[PDB]
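*Asks:* If you want the building blocks of each chain, they are given just below.
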Amino acid sequence: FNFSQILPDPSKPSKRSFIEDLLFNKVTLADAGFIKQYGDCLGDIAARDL
Amino acid sequence: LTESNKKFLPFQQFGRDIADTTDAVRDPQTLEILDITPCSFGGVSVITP
Ligand SMILES: *[C@@H]1O[C@H](CO)[C@@H](O[C@@H]2O[C@H](CO)[C@@H](O[C@@H]3O[C@H](CO[C@H]4O[C@H](CO)[C@@H](O)[C@H](O)[C@@H]4O)[C@@H](O)[C@H](O[C@H]4O[C@H](CO)[C@@H](O)[C@H](O)[C@@H]4O)[C@@H]3O)[C@H](O)[C@H]2NC(C)=O)[C@H](O)[C@H]1NC(C)=O
Ligand SMILES: *[C@@H]1O[C@H](CO)[C@@H](O)[C@H](O)[C@H]1NC(C)=O
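Listed in order, the protein sequences are those of chains A and B.
Just so we're aligned: the first sequence equals residues 800 to 849 in full-length UniProt numbering.
Just so we're aligned: the second sequence equals residues 552 to 600 in full-length UniProt numbering.
Heads up, none of these hints are tricks.
With a Cα cut of at most 30 Å, we get these calculated BS3-like pairs of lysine-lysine:
1) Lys-557/B with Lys-835/A
2) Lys-814/A with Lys-825/A
3) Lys-835/A with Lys-558/B
4) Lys-814/A with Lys-835/A
5) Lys-835/A with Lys-811/A
6) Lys-835/A with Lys-825/A
Residues from chain B that keep clear of chain A, each with C-beta distances beyond 12 Å, as calculated:
7) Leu-560
8) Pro-561
9) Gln-563
10) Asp-578
11) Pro-579
12) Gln-580
13) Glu-583
14) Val-597
Taking CB as the label site, the calculated pair distances span:
15) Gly-832/A with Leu-585/B: 25 to 33 Å
16) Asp-820/A with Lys-558/B: 36 to 44 Å
17) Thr-573/B with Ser-813/A: 39 to 47 Å
18) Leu-828/A with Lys-558/B: 24 to 32 Å
Quick caveat, the hints were computed from the structure, so don't treat them as lab data.
Even for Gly, the Cβ is constructed at its ideal location relative to N, Cα and C.
Generate coordinates for the entire structure from the input sequences, incorporating the hints supplied.
*Replies:* Next comes the structure, spelled out in structure tokens:
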């Protein structure tokens, strides 16, 4: 049996598998950072998104 | 109030946000555009035993 597609990948910085990486890339988060910290919002540039 | 790069058209005076609050202004004496950003605020939590 082949479990390399679901076992964690040590090459990635976060220990997620190939399928977990596909599931994280397919779901488009609005903003998953939660690290705005009011310093990003001081500059009013159009790249700031909502 | 900060210096801004908003390309105001010459008939435009104010800029508005999504909630129709003023986001940029034109200074009347010197025709320049100023961004308005509200002052620093946040929540305070107390961690105690
Ligand atoms: C158990 O299952 C795994 C995965 O199915 C097998 O391991 C090999 O895994 C790779 C993919 O990880 C298979 O595909 C080959 O990928 C090469 C590049 O890999 C990079 O990119 C992938 C993401 O796509 C990363 O996961 C990986 O770490 C690398 O960063 C390609 O260069 C290969 O192309 C070659 O084959 C194709 C035909 O498929 C040709 O057209 C190309 O010209 C080129 O020759 C390839 O696509 C690879 O096939 C898997 N097998 C081998 C032998 O390498 C395990 O082998 C398997 N183990 C058992 C016991 O079944
Ligand atoms: C008003 O201020 C502007 C900006 O410096 C200046 O050019 C203009 O001469 C002033 N007008 C008067 C009447 O002082």
